[PDB]
Each structure stands twice: as structure tokens, then as C-alpha cells.
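Visitor: Chain by chain, the residues run as shown.
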Amino acid sequence: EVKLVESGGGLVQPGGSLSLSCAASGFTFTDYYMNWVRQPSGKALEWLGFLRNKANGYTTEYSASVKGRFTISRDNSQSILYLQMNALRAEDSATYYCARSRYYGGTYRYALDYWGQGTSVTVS
Amino acid sequence: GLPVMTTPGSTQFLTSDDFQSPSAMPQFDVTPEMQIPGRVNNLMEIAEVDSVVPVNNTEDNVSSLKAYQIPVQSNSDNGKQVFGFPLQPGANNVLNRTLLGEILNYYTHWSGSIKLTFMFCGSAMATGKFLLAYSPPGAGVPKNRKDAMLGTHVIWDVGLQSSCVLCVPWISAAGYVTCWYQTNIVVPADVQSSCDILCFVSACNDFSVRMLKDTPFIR
Amino acid sequence: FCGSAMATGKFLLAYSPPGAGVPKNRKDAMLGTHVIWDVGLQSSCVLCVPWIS
Amino acid sequence: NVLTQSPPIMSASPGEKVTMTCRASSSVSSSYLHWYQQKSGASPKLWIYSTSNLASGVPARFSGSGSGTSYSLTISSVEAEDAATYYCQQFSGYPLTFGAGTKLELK
Amino acid sequence: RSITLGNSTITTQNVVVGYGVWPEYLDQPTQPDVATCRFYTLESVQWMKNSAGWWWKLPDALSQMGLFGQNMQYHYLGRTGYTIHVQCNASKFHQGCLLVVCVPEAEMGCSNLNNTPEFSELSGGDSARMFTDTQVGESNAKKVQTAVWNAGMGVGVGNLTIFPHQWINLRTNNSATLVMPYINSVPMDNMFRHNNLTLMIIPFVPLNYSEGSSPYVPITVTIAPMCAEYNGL
Amino acid sequence: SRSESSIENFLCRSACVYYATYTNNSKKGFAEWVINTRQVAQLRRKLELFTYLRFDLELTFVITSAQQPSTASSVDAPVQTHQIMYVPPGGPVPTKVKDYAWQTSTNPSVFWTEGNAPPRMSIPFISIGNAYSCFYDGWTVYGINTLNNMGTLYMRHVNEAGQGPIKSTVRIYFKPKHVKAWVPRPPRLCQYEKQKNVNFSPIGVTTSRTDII
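Chains as they are written, first to last, in PDB author numbering: chain H, 1 to 124; chain C, 1 to 172, 186 to 232; chain C', 120 to 172; chain L, 2 to 108; chain B, 14 to 26, 30 to 42, 51 to 257; chain A, 58 to 197, 204 to 276. A prime marks a further copy of an entry chain.
Just so you know, the hints here were simulated from the structure itself, not pulled from any lab data.
Ideal Cβ positions, reconstructed from N, Cα and C, are used throughout, including at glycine.
Take these hints with a grain of salt, some might be off.
Quick list of in silico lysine-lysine cross-link-like pairs, DSSO-like style, CA-CA up to 27 angstroms [what the hints assert, rightly or not]:
{"hint": "1", "chain 1": "C", "residue 1": "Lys129", "chain 2": "C", "residue 2": "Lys115"}
{"hint": "2", "chain 1": "C", "residue 1": "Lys226", "chain 2": "A", "residue 2": "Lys103"}
{"hint": "3", "chain 1": "H", "residue 1": "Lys3", "chain 2": "B", "residue 2": "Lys166"}
{"hint": "4", "chain 1": "A", "residue 1": "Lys230", "chain 2": "A", "residue 2": "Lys153"}
{"hint": "5", "chain 1": "C'", "residue 1": "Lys129", "chain 2": "B", "residue 2": "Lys73"}
{"hint": "6", "chain 1": "A", "residue 1": "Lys155", "chain 2": "A", "residue 2": "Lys230"}
Pulled from the structure, derived: some chain C residues nowhere near chain B, Cβ distances all over 12 angstroms [what the hints assert, rightly or not]:
{"hint": "7", "residue": "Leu2"}
{"hint": "8", "residue": "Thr58"}
{"hint": "9", "residue": "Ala126"}
{"hint": "10", "residue": "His153"}
{"hint": "11", "residue": "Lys226"}
Please take these sequences and the hints and turn them into a complete structure.
Guide: In C-alpha cells form, the structure reads like this:
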């Protein structure tokens, strides 16, 4: 089975920092693309970025809205995915998900198959 | 002086002429030659090389390297089609964007023969057999393995050799190059059964092009 | 190489001359004198060095 | 490249057929359009991938279709347990934009 | 079998040579021929399942490589032919297919449509750069667009066989060997600002194996300079 | 029929590459064209099948005229004369209509009066390297190669404005002559974005079909 839990959300003064963390268990970690999606209170979804697998060199692809502020990474010891959020504003108050992608033929369609339970981040 | 007499079509600019022209920079002493390797004297030398055919389009493999690979797996029904593609020119066929078919879009009339090489990129321990049917222009596409055998064909034993050549003619129903499972893919333990085939195309060295025009691959 | 007949690999066989230090990477071991020993081709590689009292 | 879903609020009794559409601004390829489902107080789930292919564990009542710049999703028979929000995702270039959301309430 | 150059020795058991011609020699350029003519084995890359490709810019992978790298900082000019040995070693239970192609004057394309890529991104020195099987976005400024079906040059990747190349099919073949002559417009050029060859290795048919076998296969590239000479006194 | 597929029969064809206008009395009317092969996209895709090219050059100018709306009272004009100056690579460049660099003795120009045959001129293989290069993997700014510089062309009237404005257009025709080509290369699949570079956005390999069989 696939289980994506995550943790780290909480309160933050606007203009500060916060670090989320996504813990992955149930699959080989170095073979799938891992995404970061946020959703505010009752609004549409918004894709922030992903991080490619080991065979493509762990490069990152941020969105144009958060490029330069946020940072996706991974830990080389264990299967933990990170998200360093810097320079928080008033409109970053949302629920942050953690998703996974896979190859359907041998091709990479850009779908997100398994989703995390969602941690909540709000500013004051 | 010497009596001359100017004819019609004298002081005109016909863009397809060949006249001597006054040089803008004389006395320049142009740079001499140099032996650079790989000189092209004709465009038919570009067409004679082998190029991979994207025979597996299927509307989601075209933005991938999966467009070149034909899926071959060990199924349960004896006698099935692996692939098949017509030889009808220009109307979005698969030999169109290849390195041969990029030269034949610069001309309007061309006519000759085609090498088609297939290569089995599966395991070294996998065996099987394939039929390689060619339907001539006028004959229909075969719908069974049996009437595909009754036409012209090559039986390709994979365990013996891993490359089979099939030469057809291509002129500007026009043909079909279907291929069929003769036997299944027999494989040992701890070997994968999903194998792929690559297909190469070339020019069979003996053909001609006329009336150069411009390519339809532009805005 | 007394391994299996189905195993493959490659080895470097570095020799440092007297005066040159021991190599600490594969890279600067390659920059000296060496033999690359393909195990799948042959199963025996010879390397001749001098030895002085 | 933004996606508009219509209708925003949809109501229908169980047992009938109802459908929703997701019209793109520009041309999106047929393989890069997906459908998701988010219930109230739960994470989304992948429902249909590459506009025609059902995901794992999803019932056979759904079938997506559409091409070019107009895509749709049809429910053959509406049950009671599939009342949620349905989003459409695309990819023409980066970023990956989602839909606005189509809410299905049973009648 | 067991060929040697200087103070190195590799072993081999089918060669494809350039554009038909063999490399040879030409103020006055001097001939250094014994001091750096040897086999420079770069480190191995790992061929995994969802791998996409690799590339090396050729008179730059030998820039941190020993006395060949010392002869570059001492000399403004030079002209060099090459000999490339590529072999990957897998069992008879793996399957795949590689294309080993040697491209002259391979301009790469940037991801942003206005800018041009940078030197740290175009070529890792003696280290392989990777293609990808996704798109590189337009938001980052100076990065190489590495959609592998376009081969980074905006072209059909199936048509890359017009360059001198060799196929490596694991079912039948084991290695490749290329001998590339000196291809340039000027007879002797600036060696610090020009990468006139590019060696690409692209897996057309991907690697596959059953459960139990070794989950990735190493590929080993060996370059040996032929007919190198520089200009200076 | 294999003589239609030769290199000379493929590339020695005439092609309109530039189109500019200029008027005599407006003090900012004079034409200018830096000679590059990357102007028209159909000729560019043919020259980019090869890495190194070497050819002579032959240019022909189709200059026409038009009478602009003047004030009144019987505009009568004599026959007009134009100047087409060719600046070699590394020469002085004009920036106004009344400038010194029109009168320099090393920039050869033709003078042509309207109503005659068009003004052809011919330019040899003008470079220091032994071949023009279509692609260049390096720096001099990335991928420029300042050695395959062919020059510039400048156009103006030589008559002063008499009674009414007159504006003129020019179409430059381009014909490679005695072509040698080396190192063939796969033809481009993606579209063309900018003139200077090879930058692109990725596209599928070929047009698709529904099923493989």
C-alpha cells in the first residue's frame, strides 16, 4: 500500500519561514516524481513544484508564482521529502498536500495518483 | 560604331537566369580552400542512410522515445497482428518526417524502392517467429495470418538472427507492410517477456526526383 | 578472478612508483600508470613491477 | 492557459445521467488532461487520466471524452456516494493549471 | 586484445571511422605526441530503468584530465582527433539498446526563449550531463532544454543517425568504437571557447530485467587523443 | 533524373530576403540590412542541412518609387538616382543621411538611375575562415561566431527634395553561387522563434494516428 503522511504546519508571522516535511512509505522512494500542491479555504488547487526521480538527476521545477522563495529537496539518508518555505505572505494560508506521479505507458503523463492527508499553514 | 539591335526581353530581371556579374570587391585575395571531411555532392547521399521510423504514434507516444518502439509480448492467442502501416504518401503516414521523407517533400515526383530493416531489441534468451507481409498496390490488407502467408512474406526467426530486411517499392490502396505473430515468445525463467522492435528505413540507392518545390513543413 | 562465469565488472590496477604517494581517489589513480581489467573478457591480468632492497 | 468549468453548481436526482465540461483557452493534448475528485473534508483522488482512461478502483459509470480545446465527463447513472467536487488538470506548458471546480449535489 | 598507450592498458576483442578519413597531423605548430597520448577513462554512468540519456562535450571532458589539462593552459591553440571506446557490461538476462552518436557543432537550446545557456550547464567537466524525459520549464533563466525526443537541438531524435554512430544492442553487441577526425572551418582554433564534438548516448529501447538481477548497468567511456598538436614557442 | 538533386541545383536559387522603405525628405529615411542567411525561414531550413557552407554571393535590387501627397502647384520631378553602399566586415557605418561614411573610399557603392535594368552586384567568399558556419558551439556571448560576418548594405536617394516627398521601396534578391557543402545534418522539426539562435520549444515527433495496426 502507498502511505504519504506529512507534518510541519503551524502559525508564522508574515515575513518569516516554515519547513514542511513529507514522510513516504510503501514504495521505492528514488523512482517517482514528488509534487507539492496547495489549496486555500474552499478555492481551486494550485501546483507549486515537483522533484524528478534518481534517473533524471533530482532536478526541480517550481511554479512561476513561488520561484525564488520556496525550495523543494530531499534527504539522502531516509525517504523524507522537504519543503522550505521562506518569505511568507498573507495569501499563503492554505492546506499543503504531497503527491506522487508514475509512468503509465512508458510515458510520463503529468497526473498525480496518490495524495497526502494535508497539513494546514496559516499566518498572522 | 558596330550596329546592334536589341531584342524583346532585354532589360528585364528574370530571377532564374545565369549571367556574369560585376564583382563588388575585386583585389581582395580570397581565402584558399581546406580539406574538411564529409563533403556532400548530392542529396541522395543524405537519403541513403538508415533512420528510425516512428511507427508507434498512438497520440500519446509522439512526445516520447516510445514512438519508435513496437510492443511485443507473449499473449495467449496464436496468430495476431504486431503492427501495420500503409505506404500511401503524404497523407500523414509514418515515413514522412524521417530522414528519407524530408528530402522527398522538396520535390513533386519521385519513384523508387525502399529498404526496411527491423531489429529485435529483446533478450538474448527469448525466441519466436514473425511473419513480414507486404501487400502490393491493389491487393487488400490481409485479415488473417493465413492469407497473409499466401502473399509475399518473410518468416523471421528471432532466435537465429536479430535483424531482417524487407525491400518494397514506393511511388508518388497503395500498399501495406503489416507484420504477424507466427509463434509466441518462448522465454526461460527469470527473463522478462515484454520485448521491443525498432524499424529502420532507407533508400535502396536507385531513384530519382523531379520538379523541386518547397516543403509543407512550415507556417 | 575466482567468481562466477556470469558475473561481469571492471577493475583498476594502480602502481605507484617510489616517491609518488598512494592515490586517494579512483581519478588520480587513473592518472598514473594502471591496467583496466575487464572481468567478463578474461579472468586473469598480469602486472609487472620492480622490487629493490 | 486557464480552464473554465461549467456548470459551477449542479443538482440531479439519483438514477439519471448528468455531465460536465471543461473548456480550455488554447489547445491541450488529449493525453495531458485528467480528472480528480475531492470529497468534503478529504484529499483529492485521481479519477480519470489522459481523458479516457479510468483509474484504479473507480466504478465503471464514468467515461471521459473530448478533444482539442473542449473536454467533458459523463456519469451514466448517478448514485448517492459520488457527490463531490470534480477538477480538471492540464499541461500545455508549465505550470499545471487546475479547473475552477464543479460541485455535484444529489436531489 | 590488450592495446596500450603510454602508461595505461585496456583490452578489447568492429570499428566505425569518422567520415571515411583517418586522423593525421598537418607560425610553427610543435608536435607533442608521447607525453599525453594515452587512454583517459572517465567515470562510469549508471543505466537505470527510466533513464533518458547522457552527453559529453569533447575537448572539455579532458580539461581537468592530468597532463592533457596542463597542456591546455600552456597553449592558446590546438587541433586534435579522437578515438572513443564505449562499452557497457550486462548479463544475458538484461535487455536494451543504446545509440552512441558523435555530433560535430552541437548547439544546445536554452529553456528561456530569449537567453542562451551558461558554461556550467552546457558541460560538466569530465562528468556526464543528463537528458530528461520531461520538459525544462521556461521560468528559469539559463538552462539547457533537454527534452530527449528533440535531443536538445530542436530536431527529430530518430534522425540522429546521419552523424557517425554505432548501435549497442545487448542481445548481440557489447561495445562501440568511434574514430573521429578533426572537423572545423579554420585549421587551428581557440580551444578555450569552442567544443567542436559532442558524444551522446541515448537509450532507445529502455533497460529491462527480471526481479533478482542487478537493477542497473554501468557504461564506461574511454577517450584517446590522436594527432594532437598545439601552436606556441 | 539525379541532376536536380545536386547541391548546386538545390541551393543556387533566387529568393527575396529583405523589404524596406525610405523617403528622401524625412531625415530618418535610409535602408539598412546586415547580411545574414537567417532572414527567411524557408531558405534558412535548406542551408541548415549542412554544417559548413562556402559560396559566392549575387544580389539584385528591385527599386521602385511612389509620389507622396505634397501640397499643391505642379510637382514635376526628374529621374531619380539611388546609392547602394556595401560595408565590408569591419568598416565604417552611417548613422544619418548626411554622414561622412557614405563618402569613404573603401565601401564600394553602385549608383543607379530609375528606368533602367536593376542594379546587380556580386560579392565573393568574404571571410577569414575556410568556410561559413551555420552552427557554432561556443563563445566569441554564446554561439555567435564573429568570423562568418558578410557585411551590411545601405540605401538612400542622392537627389535633394525638390517640391514634394517621394518614398521608395527596395526588394533584395539573394542567390548563392558555386556552393560547396560539408557535414550533413538532420532537418529541423521544431519551429523558428528568434533569428539569432537555435532556441525552441519542444514538440512531438510526428503527427499521430489512432491505433498502431
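Visitor: Hints first: check each against the structure and report whether it holds.
Guide: Evaluated hints:
1. Between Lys129 (chain C) and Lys115 (chain C) the CA atoms are separated by roughly 21 angstroms; this keeps the pair inside 27 angstroms, and the hint holds.
2. A distance of roughly 12 angstroms separates the Cα atoms of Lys226 (chain C) and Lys103 (chain A); the hinted pair therefore holds under the 27 angstroms criterion.
3. For the given pair, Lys3 (chain H) sits about 37 angstroms from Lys166 (chain B) by alpha-carbon distance, which is inconsistent with the 27 angstroms threshold.
4. The suggested pairing of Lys230 (chain A) with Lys153 (chain A) holds, with an alpha-carbon distance near 17 angstroms, which does not exceed 27 angstroms.
5. Using a Cα cut-off of 27 angstroms, the hinted pair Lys129 (chain C') and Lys73 (chain B) holds, with the two alpha carbons roughly 22 angstroms apart.
6. At most 27 angstroms may separate the alpha-carbon atoms for a hinted pair to count; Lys155 (chain A) and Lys230 (chain A) meet this at roughly 17 angstroms.
7. Distance check on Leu2 (chain C): its Cβ is at least 48 angstroms (rounded) from any Cβ of chain B, clearing the 12 angstroms threshold; non-interface status holds.
8. At roughly 14 angstroms, the least C-beta separation between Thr58 (chain C) and chain B is larger than 12 angstroms, which holds for a residue marked as non-interface.
9. Not every CB of chain B lies more than 12 angstroms from the CB of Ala126 (chain C), the least distance being 8 angstroms, so the non-interface label is violated.
10. Chain B leaves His153 (chain C) outside its interface by the beta-carbon criterion, the shortest separation being 24 angstroms against a cut-off of 12 angstroms.
11. With a least beta-carbon separation of about 21 angstroms from chain B, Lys226 (chain C) lies farther than 12 angstroms from that chain, consistent with its non-interface assignment.
Checked against the numbered hints above, the structure violates hints 3 and 9; every other hint is satisfied.
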